[PDB]
Structure formats: structure tokens, C-alpha cells
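K.L.:
Now for the letters of each chain:
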Amino acid sequence: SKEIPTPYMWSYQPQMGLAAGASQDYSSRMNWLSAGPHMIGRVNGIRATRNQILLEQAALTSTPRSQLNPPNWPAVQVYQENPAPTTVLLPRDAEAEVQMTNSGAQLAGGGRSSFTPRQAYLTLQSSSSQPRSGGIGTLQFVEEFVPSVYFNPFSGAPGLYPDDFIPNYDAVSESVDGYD
Amino acid sequence: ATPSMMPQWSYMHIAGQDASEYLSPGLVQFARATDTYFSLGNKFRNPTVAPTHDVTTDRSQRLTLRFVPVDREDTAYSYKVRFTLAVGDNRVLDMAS
Amino acid sequence: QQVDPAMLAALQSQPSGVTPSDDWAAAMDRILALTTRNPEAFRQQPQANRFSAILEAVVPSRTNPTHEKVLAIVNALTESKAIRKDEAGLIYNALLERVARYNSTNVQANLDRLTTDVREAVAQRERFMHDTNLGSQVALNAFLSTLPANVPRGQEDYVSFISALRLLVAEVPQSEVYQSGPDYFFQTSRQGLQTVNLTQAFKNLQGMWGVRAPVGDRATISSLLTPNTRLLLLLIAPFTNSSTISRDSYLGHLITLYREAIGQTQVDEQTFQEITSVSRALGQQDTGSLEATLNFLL
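If you're matching them up, the sequences are chains A, B and C in order. Mapping of the first sequence onto my numbering: residues 1 to 180, in sequence order. Mapping of the second sequence onto my numbering: residues 1 to 97, in sequence order. Mapping of the third sequence onto my numbering: residues 1 to 298, in sequence order.
Among the hints, erroneous ones may be present.
What the hints assert, rightly or not - Below, computed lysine to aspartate or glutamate pairings styled on EDC-like, alpha-carbon distance capped at 20 Å:
(1) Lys85/C with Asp180/A
(2) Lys81/C with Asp4/C
(3) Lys81/C with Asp23/C
(4) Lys43/B with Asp18/B
(5) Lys203/C with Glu269/C
(6) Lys85/C with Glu68/C
(7) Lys203/C with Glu3/A
(8) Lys85/C with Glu156/C
(9) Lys81/C with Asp163/A
(10) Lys81/C with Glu40/C
(11) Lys203/C with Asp183/C
(12) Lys85/C with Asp25/A
(13) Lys203/C with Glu156/C
(14) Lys85/C with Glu3/A
(15) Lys2/A with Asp163/A
(16) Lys2/A with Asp25/A
(17) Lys2/A with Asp183/C
(18) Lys81/C with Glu120/C
(19) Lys85/C with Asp170/A
(20) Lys43/B with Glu21/B
(21) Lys81/C with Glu174/A
As the list claims (entries may be wrong) - On the chain B side, residues computed to face chain A include the following (Cβ under 10 Å):
(22) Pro3
(23) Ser4
(24) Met5
(25) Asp74
To be verified - In silico contact screen, one side only, chain A against chain B (beta carbon under 10 Å); selected entries:
(26) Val43
(27) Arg118
(28) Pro147
In short, the hints are calculated from the structure, not lab data. Beta carbons: idealized from backbone N, C-alpha and C, even for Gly.
Given these sequences and hints, build the entire structure.
P.N.:
Next comes the structure, spelled out in C-alpha cells:
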């Protein structure tokens with residue numbers, strides 16, 4: 001009961017990207033009620049492994065932070081997207097091409113051109129101007145927010161409980177912004 | 001995959017080992033030698049898994065897609081079209097489909 | 001975010017522009033045209049805003065700090081959560097009625113004594129955020145005045161384990177212990193998991209400190225230990241050097257091996273940071289970037 005708890009699994013928010021408040025795992029339980037002593041000490045020996053795998057997974061994978069389910073993620077702790085700088089091939093450098101038309105030759109069609117020998121091409125940055133904050137994606141929620149195994153559950157002062165397990169709770173208001 | 005649940009699976013033989021492996025091989029030599037007689041092999045739960053990699057494309061691909069003719073010839077007896085079937089570098093066919 | 005509450009009282013009741021009624025030394029600083037940045041800036045104001053400052057500076061006004069000294073108190077009470085934040089508009093509506101009812105020379109000088117010890121004698125609130133005897137020292141010194149000091153086997157390592165447990169709740173400002181029901185608990189963080197049942201752990205460890213167990217026994221302690229005791233020994237592992245319980249007690253098969261288990265993940269997380277950053281360096285399916293990654297590390 002208190003010692004081998006069925007772990008609190010989270011729920012994903014697709015819109016905000018935050019954690020949608022966790023819930024007790026109620027869809028993987030064995031029905032050990034029809035079992036004598038040689039198996040109900042084996043079933044409890046199984047849950048005591050997934051409550052130890054989930055603690056040796058929470059250290060390898062999750063970011064060490066204070067506020068689990070934070071409302072506003074920082075910039076550096078969110079996966080960014082930095083592709084290669086987009087190498088743009090400029091076709092015809094017009095520093096000597098506008099002289100060709102002013103000589104009288106109208107151009108058409110379209111090295112790269114025969115009248116000019118040179119061909120410059122520029123590169124430019126392909127990332128965003130500012131990195132992204134406020135909300136993690138789906139694969140970040142695959143990575144972080146492993147099911148939190150909560151031992152000796154709800155055993156303390158008010159406010160000392162995990163208040164974000166309530167799937168209605170604002171993390172920076174100490175309150176449900178309810179119907180108003 | 002997902003070792004968050006894997007010891008909870010393999011005890012109830014969801015994934016893990018087939019009946020050749022987890023049974024003590026005294027019983028595996030017993031049941032296989034006696035199949036005309038008594039025929040164990042039912043009631044021992046052979047599990048199957050799916051290949052968890054190498055099926056799913058996280059890029060937004062497309063299972064099926066119609067193409068559009070880029071010409072037509074309205075002959076009084078014939079009707080000729082040509083198409084432009086083309087793929088995005090990673091989409092093999094069988095062309096019988 | 002702030003340190004002092006009276007600065008916010010000096011931010012919510014002082015004029016932002018410089019006035020000679022309250023800051024004379026800065027208002028006279030610019031009338032005589034003696035300033036580093038922009039000196040010649042007072043002649044070119046007209047007779048409107050010269051005489052409305054140059055009269056009030058060579059003879060100041062005589063204002064009343066009664067409305068300002070109470071915001072250095074009403075803020076200092078709501079910083080420490082003595083009052084609800086939804087409520088400070090009522091108590092300043094009641095304290096200002098109070099200190100104007102019973103006003104004197106004394107109370108105007110008695111509030112001023114009280115807007116100083118909420119500044120320089122509120123350093124205790126800066127103190128026990130660090131020493132955390134909110135709920136970690138004096139709430140655990142009742143627990144160490146509860147356990148029996150007469151253990152039959154292992155008399156010396158019993159008083160070195162709790163000597164390493166008092167250091168645990170001291171070097172961590174977030175952790176705290178408390179009295180809920182007839183038993184004491186210990187959480188490693190506020191808004192935190194991993195609550196150990198501290199009474200039902202040392203009662204499990206009583207009659208256990210001397211075993212001298214061999215190194216060929218693993219799956220016996222399902223009927224001997226308890227997983228929260230197995231988790232309390234996990235929470236004592238990083239603050240336990242190799243000289244506490246030496247080699248050959250069964251806690252030497254536990255506390256030393258728990259440090260190796262922590263010693264795996266404190267370098268394999270650096271390995272895991274490498275693998276999740278090279279899946280987008282060469283191009284890899286992000287769904288299959290974690291299934292085979294964890295199986296190599298577990």
C-alpha cells in the first residue's frame with residue numbers, strides 16, 4: 001500500500017505542452033485478488049521492480065529541477081532546432097550584368113552565364129533569432145516526466161504535498177483558476 | 001521496449017520468452033515428444049512482439065496518394081495520358097499496388 | 001525577489017520625480033546647477049516649474065510619514081505570510097485607523113523602531129533558510145531523543161549513522177522532518193517525493209546493525225528489510241564516506257553498493273546526454289532514439 005505504490009503516471013498536454021496533472025496508474029494492475037501466498041508475494045515482487053526501474057530511469061533521463069510540472073520552461077532546457085546555414089546559390093551577379101543590358105543587349109532565358117565569368121553565392125543563418133521558451137514538445141515529454149513513484153503517499157504538511165498531481169492546479173497561483 | 005513495464009509484462013508472458021525458453025527444458029522435452037498422445041502446446045502462451053523500430057516514420061509521410069494526368073488525347077478511339085509518379089527520396093513502391 | 005520590504009514601501013509611497021519635500025539634497029542639487037549629467041537644465045524651465053521648486057527647497061514642507069511607515073510594516077508581515085495577500089488592503093485600512101486613534105510622540109517613534117528590526121533583525125529569516133532548523137534540526141532532535149541508544153550488536157555504527165543523518169538534513173536547505181500522527185517522516189524536498197517512514201525505518205534497522213553477512217546473499221531481505229529503509233539508505237548514500245560502516249556489515253553490502261549504483265548514473269547521464277544529441281546530428285528516428293538507448297544503460 002504505502003510501501004510499494006502503483007506509480008503516478010502523468011498526462012500530456014498537447015496545447016500548452018506542460019504536464020496535465022498526474023493520476024494513479026489504474027490500467028496496468030494485475031488482478032491478484034484470486035491468488036494465495038506463493039503469488040501475492042511474487043506480484044509484490046514485480047511492482048517493487050518497476051518502482052525501482054522508474055527510479056533508476058528518473059536519474060538517467062529527467063532534468064534535475066525543483067518544480068516538477070513547471071509552468072514556464074527556460075530557454076536552455078528545451079530542445080532547439082539549429083540546422084545548417086542555408087547556402088544560397090545566387091544565379092547572376094548583377095554588378096556586371098546591368099552593364100550588359102545598358103550596352104544594348106536584351107537578355108532572355110535562364111559558367112552559369114557566358115558574358116560574366118564570376119558567380120558569387122552567399123550563406124545565411126537558418127535558426128531563429130531567439131531561442132524558444134515556454135512549453136516542451138511531445139518528445140521532450142517522452143524523455144522527461146517518467147511516472148513519478150510516490151512513496152509513503154500524502155504524508156505531510158499542506159503545501160508539502162505534490163500539489164501538481166491535482167490535474168487542475170496552477171503552478172504559480174496556489175489555486176485552481178476555476179469557472180472564473 | 002519501454003522497460004517501465006517490462007518485468008510486469010514478462011511474468012504474464014506479454015513479451016519476453018516463448019514457451020521454448022522459459023519452461024524448464026525437462027517439460028519441453030516432455031511435451032514435444034508427446035504430441036500425438038496428449039498434445040501440450042495449447043495452454044502455454046506463445047507471445048509475439050512487433051518490430052518496434054523500422055516501421056514508423058516520424059516525418060509526416062503519406063500512406064496513399066492520387067496523381068493527376070499532365071496531358072490528354074481525346075482521339076475518337078484512343079485516350080492517352082502520361083503521369084509524373086515521383087517520391088521524396090525515401091518511399092519505395094512495389095508498383096503492383 | 002526582493003530582500004527588504006521597506007524598500008517596496010519606499011517604492012509605493014515616494015514620488016518618483018525628485019521633490020524637495022522629501023529628498024531635499026537632490027532637489028537643491030539641481031537648482032544651483034551643479035550636476036554631472038545635464039547641468040544646465042533648471043534655468044530653461046519657466047516661472048511655472050521654477051517657483052514651484054525653488055520656493056519649496058529653501059524652506060521645506062512638513063509632511064507626515066504615518067502613511068508610509070505602516071507600509072514598511074504591512075509589507076513586512078505579508079512577506080513572511082503572516083497575512084493573506086488578499087487581505088493587506090484591510091489591515092492597512094485598520095492599522096492606519098489604529099495609529100491615528102492612539103497617536104502620540106511615542107507611537108510615531110515606536111513604529112520607527114519596528115521598521116528597523118524587520119530590516120536588520122529579520123536576518124534570522126535569512127539565517128534558518130540556510131541552517132534550516134525550521135523543520136530539520138530541532139524537529140529531528142526530538143527524533144534523536146526518541147530512539148534507544150542501547151543497541152546490542154553494533155553500538156558504535158549506530159551513533160555514526162545518525163551522526164551522518166543529522167548532516168543530511170543540515171547540508172540541504174529544502175529537506176525537512178515533521179510530526180504527523182504518532183510517527184515522524186522525512187521528505188527530501190518540498191513539493192517532493194521519496195517520503196521515508198522514519199519511525200518504521202529505524203525500527204526495522206533495530207536488531208540489524210550487527211550481522212556480518214556473507215557476500216553470497218541477495219534475495220533474503222524481502223522478509224528482512226523494507227523498501228523505504230532501502231530508500232532511506234539511498235538518501236544517506238551520498239553523505240556517507242567509506243569510514244562510517246567499514247567493509248563487512250550487511251550495511252557495507254548496502255550503503256557501499258548504493259554509492260556504486262549512484263556512481264553508475266552520475267556518469268551514465270553524461271553518456272545519455274551524448275546519445276540524445278547525436279540522434280539529430282546524423283538523423284535518427286526520435287521515437288527510436290530512446291527505446292534502444294535506455295536498454296543499453298539499464
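K.L.:
Can the restraint linking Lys85/C and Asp25/A be considered satisfied, given a maximum Cα separation of 20 Å?
P.N.:
violated (37 Å)
K.L.:
Between the alpha carbons of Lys81/C and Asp23/C, is the straight-line distance 20 Å or under?
P.N.:
Cα-Cα ~32 Å, so violated.
K.L.:
For the pair supplied as a hint, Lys203/C and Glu3/A, is the alpha-carbon distance within the 20 Å limit?
P.N.:
holds (15 Å)
K.L.:
Is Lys203/C close enough to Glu269/C, meaning Cα to Cα at most 20 Å?
P.N.:
Judged against 20 Å, a Cα distance of about 35 Å means the pair is violated.
K.L.:
With 10 Å as the cut and Cβ atoms as the points, is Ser4/B at the interface with chain A?
P.N.:
At about 6 Å, which falls below the 10 Å cut-off, the nearest Cβ of chain A leaves the hint on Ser4/B intact, so it holds.
K.L.:
Quick one, are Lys81/C and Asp163/A close enough, alpha carbons at most 20 Å?
P.N.:
holds (19 Å)
K.L.:
Are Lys43/B and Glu21/B close enough, with their CA atoms no more than 20 Å apart?
P.N.:
Answer holds: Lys43/B to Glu21/B is near 15 Å, not above 20 Å.
K.L.:
Quick one, are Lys85/C and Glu3/A close enough, alpha carbons at most 20 Å?
P.N.:
violated (39 Å)
K.L.:
Going straight from one Cα to the other, do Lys81/C and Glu40/C come out at no more than 20 Å?
P.N.:
Measuring from Cα to Cα gives roughly 48 Å; hence the hint is violated.
K.L.:
Has the given pair, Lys2/A with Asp25/A, been kept, meaning a C-alpha gap of at most 20 Å?
P.N.:
Given pair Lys2/A, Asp25/A holds - Cα atoms ~15 Å apart, limit 20 Å.
K.L.:
Measuring from the C-beta of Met5/B to each C-beta in chain A, is the shortest one below 10 Å?
P.N.:
Hint holds; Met5/B Cβ to chain A Cβ min 7 Å, cut 10 Å.
K.L.:
Answer holds if the nearest beta-carbon of chain A is closer than 10 Å to that of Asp74/B; otherwise answer violated.
P.N.:
Violated. Min distance 34 Å.
Hints 3, 5, 8, 10, 12, 14, 25 and 27, counting from the list given before, are not met by this structure.
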